[PDB]
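Next up is one chain by itself, shown in structure tokens, the form deposited without uridine-5'-diphosphate-glucose.
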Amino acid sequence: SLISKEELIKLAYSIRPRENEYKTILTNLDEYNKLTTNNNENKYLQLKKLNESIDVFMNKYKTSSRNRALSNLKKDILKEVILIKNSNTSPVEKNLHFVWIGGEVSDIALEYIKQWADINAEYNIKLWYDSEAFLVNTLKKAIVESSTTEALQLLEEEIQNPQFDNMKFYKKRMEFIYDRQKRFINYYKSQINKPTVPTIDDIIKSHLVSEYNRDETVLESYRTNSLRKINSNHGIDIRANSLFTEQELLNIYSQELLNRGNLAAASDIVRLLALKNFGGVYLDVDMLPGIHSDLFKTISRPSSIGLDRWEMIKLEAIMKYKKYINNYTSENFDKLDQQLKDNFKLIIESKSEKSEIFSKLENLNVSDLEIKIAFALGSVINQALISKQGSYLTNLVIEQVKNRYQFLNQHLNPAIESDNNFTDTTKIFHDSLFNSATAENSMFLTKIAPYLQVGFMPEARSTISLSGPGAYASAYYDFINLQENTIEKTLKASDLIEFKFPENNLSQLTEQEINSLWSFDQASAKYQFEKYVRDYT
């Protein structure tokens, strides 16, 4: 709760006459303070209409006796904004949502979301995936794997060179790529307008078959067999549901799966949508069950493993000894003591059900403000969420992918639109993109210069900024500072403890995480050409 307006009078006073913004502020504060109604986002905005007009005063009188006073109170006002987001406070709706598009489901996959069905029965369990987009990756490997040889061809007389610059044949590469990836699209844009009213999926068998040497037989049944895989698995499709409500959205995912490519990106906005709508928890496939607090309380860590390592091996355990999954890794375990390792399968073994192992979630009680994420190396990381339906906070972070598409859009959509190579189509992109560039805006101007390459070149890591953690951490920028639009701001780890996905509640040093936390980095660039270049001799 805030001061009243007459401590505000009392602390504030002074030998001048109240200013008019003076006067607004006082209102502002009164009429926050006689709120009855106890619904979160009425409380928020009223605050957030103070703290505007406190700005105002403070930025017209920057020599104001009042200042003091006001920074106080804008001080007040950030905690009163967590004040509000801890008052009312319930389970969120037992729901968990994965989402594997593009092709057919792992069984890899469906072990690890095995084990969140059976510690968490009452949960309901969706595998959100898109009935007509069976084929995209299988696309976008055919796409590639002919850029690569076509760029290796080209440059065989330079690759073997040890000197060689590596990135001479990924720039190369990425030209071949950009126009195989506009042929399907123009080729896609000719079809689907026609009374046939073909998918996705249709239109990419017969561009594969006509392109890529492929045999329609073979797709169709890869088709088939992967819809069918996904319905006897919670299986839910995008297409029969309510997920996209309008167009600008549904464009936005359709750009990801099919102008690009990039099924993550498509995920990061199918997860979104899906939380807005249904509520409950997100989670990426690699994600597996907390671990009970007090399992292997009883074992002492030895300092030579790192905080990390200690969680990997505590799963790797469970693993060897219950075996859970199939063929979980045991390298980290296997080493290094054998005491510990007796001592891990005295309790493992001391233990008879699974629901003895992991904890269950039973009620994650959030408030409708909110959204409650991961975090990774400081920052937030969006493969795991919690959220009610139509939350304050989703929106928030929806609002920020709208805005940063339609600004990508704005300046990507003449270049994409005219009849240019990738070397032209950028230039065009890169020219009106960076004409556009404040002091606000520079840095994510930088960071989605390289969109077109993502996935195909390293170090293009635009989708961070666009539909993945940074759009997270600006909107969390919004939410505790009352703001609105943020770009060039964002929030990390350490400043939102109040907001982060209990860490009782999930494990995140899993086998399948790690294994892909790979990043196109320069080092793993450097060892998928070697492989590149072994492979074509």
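Superpose the two forms; the largest set of C-alphas matching within 1.5 Å is the rigid core. Numbering follows the first chain given and starts at 1. First, how it differs from the form deposited with uridine-5'-diphosphate-glucose bound.
For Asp521, a C-alpha deviation of 2 angstroms or more is recorded between these two forms after rigid-core alignment.
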Given for the second form:
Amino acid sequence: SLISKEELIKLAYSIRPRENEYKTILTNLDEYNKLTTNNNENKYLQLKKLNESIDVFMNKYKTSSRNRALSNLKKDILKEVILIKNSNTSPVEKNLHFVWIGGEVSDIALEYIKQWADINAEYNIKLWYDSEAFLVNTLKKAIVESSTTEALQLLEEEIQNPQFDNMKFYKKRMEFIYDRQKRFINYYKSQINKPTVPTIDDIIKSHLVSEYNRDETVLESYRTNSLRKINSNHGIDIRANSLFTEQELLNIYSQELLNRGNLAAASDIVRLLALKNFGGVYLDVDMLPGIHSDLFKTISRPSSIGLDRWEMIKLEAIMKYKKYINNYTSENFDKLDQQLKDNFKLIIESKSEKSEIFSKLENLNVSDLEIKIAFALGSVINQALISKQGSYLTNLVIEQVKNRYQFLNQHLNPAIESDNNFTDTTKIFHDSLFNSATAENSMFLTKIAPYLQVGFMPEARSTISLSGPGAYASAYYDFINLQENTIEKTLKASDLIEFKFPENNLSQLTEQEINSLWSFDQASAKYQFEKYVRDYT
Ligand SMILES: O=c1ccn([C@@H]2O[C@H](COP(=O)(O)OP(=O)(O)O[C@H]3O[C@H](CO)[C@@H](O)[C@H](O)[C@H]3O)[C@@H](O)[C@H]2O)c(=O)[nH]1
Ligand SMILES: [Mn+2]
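Switch from the form deposited without uridine-5'-diphosphate-glucose to the form deposited with uridine-5'-diphosphate-glucose bound and print that structure.
Below is the entire complex, every chain and molecule, led by the chain shown above.
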């Protein structure tokens, strides 16, 4: 709790008379202490009011002696926020949310999911999907593959000189990709409002048949067998469950699903809506349950193996002997000297039930204010989440997302509208975007400039700052500091220990997690490039 009005009166004592702004603080603080309620959101907002009233005074009477004491109070308030969110704690809705959008859900994913299912039978599995978009991944593959061979022919006579920037290939292919997306988006807009009310898949199908020389019956078979498959595996349609409660959110989701073909970004939107509406736990399909914390204590990590690769080896080991996921890599565990391998073999083979190899989630006690998130490399990462339905913070995150898109699209829309090619569209976008740059937004603006390239070029990672981690991180900042609409600052892993997804509940560092599906690094760029050229032989 906070100090009493009376107490504040002693500590901030000044020979001078009470400023009206001080009197207001005094009143907000007293009002807060006497706040007779158990509603967390209510208590938080009153904290917020109090904190704002303090900032006003302080930012007006910069010379006031009261400021020492009032700064102490702003410190106390930060702590109070944590006190509030760490009370009225109860277990999350027992749902496991997964998202697979845009094609057939893979058997591998189904295997990862199965491990969650086994350990946590008391939880409800929801495998979210879009019933109208099973053909999106095909479209993306057809577009990217065509553009690849276009760019290769174009550069056929330069690609193998040593000094050949693989990047010249990527800039050029992106011109072709962008054109092909405008081509598809345009056809789409010519169809979507017909009286025949066609679906996304209907439009994609037509397009592919006529413009990529694909067979319709095969497309249809793939479609129905993707829908068949997902329904048989916990599948639930986002279109049939009022996840999108307003056009704005459907629009954002759609620009990712259709215009960019960024399935991960579309997934970023869905998971927030699903937690908002149903509460529970979100998990990317490449996460696995946490390993029992004490299972492996007896075996000591060699000094030559780093922390992360040790966690990896543990996982490869459990899989070597239990084979819960065929045929899980063992590339790291086979490098172990013998004596070590046998220490793993002994321990793992002794355990009898999957029950006692991985930890059960059990009750995850959270407050209606918070959302918990996993960490990675010093930043939050949204591959794993916990939130009660309708939580304050989850709303903050959703709001951050809408605010970011709004800014993005205000500058992006006209640029696209121009039908310019990629390069010129980018300049129109950038000139606009950067003309509105301030110290406060400059970083954000820098991080979204290469938006159009996300998914097709190396190190285009705008997603982070629209719908991914960045949005969460600023939402935390908002929450923790009783701020609103924060764009400049992001809380990092060292800031968020109170909001961490419990370390013993999650195995990040899975074999599937080792590679991304909306992005790729410069070294796999130099790699995919070669694969491309090698093949083009
Ligand atoms: O064809 C696809 C590809 C991706 N996804 C979704 O995207 C998620 C994550 O994709 P992943 O291959 O694991 O990419 P990452 O590089 O690991 O993605 C990171 O960055 C993304 C963008 O912010 C976030 O959505 C992820 O949670 C975060 O782990 C998946 O679990 C799916 O739900 C699909 O639904 N269909
Ligand atoms: Mn992943």
